[PDB]
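Below sits a lone chain in structure tokens, taken as the form deposited in one PDB entry.
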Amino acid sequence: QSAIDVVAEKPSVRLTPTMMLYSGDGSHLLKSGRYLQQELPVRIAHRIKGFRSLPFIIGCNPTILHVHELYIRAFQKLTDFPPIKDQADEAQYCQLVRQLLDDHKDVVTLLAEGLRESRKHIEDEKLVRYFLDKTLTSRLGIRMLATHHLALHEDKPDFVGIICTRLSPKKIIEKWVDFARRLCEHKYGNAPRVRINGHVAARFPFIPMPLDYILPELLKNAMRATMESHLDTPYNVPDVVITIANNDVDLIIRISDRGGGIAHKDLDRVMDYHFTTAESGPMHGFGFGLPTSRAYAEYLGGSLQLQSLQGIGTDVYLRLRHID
């Protein structure tokens, strides 16, 4: 379709998280609702462009092709919606956006399947990694863009849309530690104790959404490695130690385990999608954890770095740029 061609090369327009906190308002909601309406088809055209650029033999996979078709169908609906003139139009478009986000929450699982099935025809190792990095960061971009606007209409304490005004890293880490320990206890009959130190009283404006993927994943990796390396003494395992470092530039979360480390022979593969030694949105398994967490961290001005002490344990450093 030529309508997709019109915006496929159009640069994305992003608001700065700082500017989104600055705007803290029906007259301003109308301005941002029109913005969403104009921006969302551009993000979808950018995804269609990705599918159009895939090698023909990969793009021809029925599962990959079906996802390509889903995006084309969604683009038609977003562009078919008439322009927003008042708050009544602004609210009917929110409903359409909510519906389409919900109907396609599961697309990453389908893409991962299609790309697995096409593995024999993938001669370039970097091609799948680059496609999936772009897919996961753009899908997070779409999610944050749409969910933030929907949340601006709601009156949640300590939030301006999806931006928490006083996020505590210790609190969000504890929420996920409890969840991970509960599941780890179900699987092994025990879970390592998690100690949290450093800047335990830090609070600052932050978007928790990416941490809700990264933290349970990095905690699972640390707890699982700890249990897998201490199966001979499963009720006496070393603690996972998490350090919080907060400065004016970034937030650092170091997760240190005594789970034996990442072997030298696996080191150059742990950041690949589908690489695993274990027996809605991106998957929390199938070797998607580390590369998704890194793509997320890099997309938000930070990084995800690993330090392996083979025979002892691993230190994982999650760095995320502050909003200020």
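Rigid core here is just the name for the largest C-alpha set that superposes within 1.5 Å across the two forms. Numbering follows the first chain given and starts at 1. First, how it differs from the form deposited in another entry.
Candidate set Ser303, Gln307, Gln310, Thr18; criterion, C-alpha shift of 2 Å or more between the two forms after rigid-core fit; matching residue, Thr18.
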Given for the second form:
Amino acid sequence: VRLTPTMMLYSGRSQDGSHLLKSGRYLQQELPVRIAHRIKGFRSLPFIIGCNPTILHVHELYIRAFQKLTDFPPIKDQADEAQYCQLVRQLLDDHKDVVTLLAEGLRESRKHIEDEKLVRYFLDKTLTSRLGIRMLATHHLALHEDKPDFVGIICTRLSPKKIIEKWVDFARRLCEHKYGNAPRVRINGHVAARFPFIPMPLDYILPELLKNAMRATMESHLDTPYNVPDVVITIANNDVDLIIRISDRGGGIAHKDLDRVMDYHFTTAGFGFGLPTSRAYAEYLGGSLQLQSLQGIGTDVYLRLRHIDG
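Got the form deposited in one PDB entry; could you also share the form deposited in another entry?
Just this one chain is shown here; partners and other molecules are left out.
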């Protein structure tokens, strides 16, 4: 029953399966209201942006979802609950490319307005609400599964080192595929820590930060691709939060780019969403994402995520 902001992840264990029903009914009351807020967000977008065909498509997707959700009959039994899950699974899949569609839709249209704070706010609000909604929805679905060491999407004994290693292997492959090599990653600090935690946000954030650090490292070592400085990751685990520091020797973020890197769409090269999205996600969950640039040397990125209150 651990909560994200104004949102609650049910921990329940009833052999009869009545927690599924209480969970299902909660989801059913909650999803339409939150989808309505997203729709209100689209309605208030500057006209010229809202008229972009890709933005209109996403706008329609949300209306469609609101329609199907409200059309679904109140849940009275396992049979209803079971069918609601099919709808939720369908919606989750239908909406899996939303971040990318928004990025495309907004890329050009955003420069047609005078106030630039506007799109930042819309995206921060839309993407984090969406993260919140997908977490709740996926958590409900997960309550059906019998994975050990999970209560829904909540890992009961998450190892930060393990999940970091997972995304390191992933980022290294992408990097090897593009450059013929990848920095090695060293992990230090509280490497043996284990605690209850929701992987989902880490699954978004970590690969974004690792891809950044690896790209920077390779692009600054073009003469010695076979011998590049390691990326060093430090884990700090205390009673308040989990801190993951990702340090590279990739030459740093230039002074002229520093005020831009947190802007959606800004890139010196994906589509420039990695940093602002990651920060918005971390702040939404009560944490933060901070950068320290050592121009000429490299960058330290500090991810902080609050622990699950007990």
